[PDB]
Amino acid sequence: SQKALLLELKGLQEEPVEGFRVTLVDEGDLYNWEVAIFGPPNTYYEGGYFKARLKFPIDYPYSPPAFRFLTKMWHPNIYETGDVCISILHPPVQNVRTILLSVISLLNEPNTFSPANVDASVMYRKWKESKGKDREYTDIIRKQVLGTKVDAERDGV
């Protein structure tokens, strides 16, 4: 419903999740949303500004949205296209709020059960088998974090 999405949008603009700003792409189209994501201050994402998109079906909330990062992200659970499978964002237990909360969660601790990016996953593990001594997985996050300044000059804050 347009009502469900109108209610969800308004509810997320009235009580934001800290580090997430949600807007409509075209204010005349409730089915496509843009999400701004500000990296949490004590992770390797801190200072980063990431951009992602949400697409909802015409039968929402019966059917879940699609999530995809616009920013390229090196991550076990993110595809090169930017896609994250919705089931890892909306796990077995309002919808978009919980989705946003999984994003913080997934950014902080990857899920190596069955990874989208195996190279990222093999690297993330190296980062664990050594107590942070192999900085490579951590290095790419940093590079990606500071590359996002360019995006956040193109618009800002």
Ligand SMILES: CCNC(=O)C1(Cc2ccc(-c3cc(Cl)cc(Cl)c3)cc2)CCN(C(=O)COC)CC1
The other form holds:
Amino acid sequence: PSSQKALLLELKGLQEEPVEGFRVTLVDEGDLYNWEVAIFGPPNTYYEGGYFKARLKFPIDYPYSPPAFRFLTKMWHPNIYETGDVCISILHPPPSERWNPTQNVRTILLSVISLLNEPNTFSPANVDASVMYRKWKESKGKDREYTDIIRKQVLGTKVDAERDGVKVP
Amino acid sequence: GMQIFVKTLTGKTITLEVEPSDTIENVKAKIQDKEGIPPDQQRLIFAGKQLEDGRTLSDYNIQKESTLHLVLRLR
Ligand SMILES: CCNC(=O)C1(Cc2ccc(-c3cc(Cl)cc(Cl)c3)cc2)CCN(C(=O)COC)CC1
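In place of the form deposited without the ligand, output the structure of the form deposited with the ligand bound.
Next comes the full complex, this chain leading.
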């Protein structure tokens, strides 16, 4: 299988040139189809100081079928289900937002950064969060319900960071 | 006058000649110049933040020889 070699090169490529704010590893060494993703909230954001954890599931078709991105940390976001699963256009099986064999994990991860920056209020996985996000943006930041939920979850990741032995940069 | 870079999803690096006060809206005008992608669909990312138009390069402290990451959003 070519998927195995493709994932080894992509792990090595993303560990030699990390996507900023992302740290990728293997859930268990020897299984290249199951990745641990440790994301870090950047400064000057409501996610600042956070330590979020997720996982990638790659198919044996890779890269001819999209992988699956699933947060372990609870996230309040218009495009993240209660399960943690993220509904991104690129992860959906079938232009630069749809999955092709040319797309890679660096493309996925950067697309997740964009999606965390700007929710897709057109296809909400969490309707209650999408309807809560829009009153935040229409109030021009005045309504703090959404940013309070986000900041509560961001505050709790400090317990997660201590357990995993991670110094938040 | 500076010289910044713009990496894309396919892998190409796009070096552009800008000033520290160039608005982000003008930085993507230069990217329609070189790649023909409409500026309304472009998304530049620097330090995990999507740079918003209506702000300068100096508002996000983008220095010389910096690399931005372009992603596309139909919207
Ligand atoms: C409602 C939340 N939105 C935000 O925090 C903002 C967007 C944003 C940016 C980055 C990320 C993000 C990036 C990475 Cl790489 C990892 C993670 Cl986990 C998150 C999340 C959201 C919009 C509101 N802001 C401003 O206006 C401030 O301008 C000075 C603060 C930044």
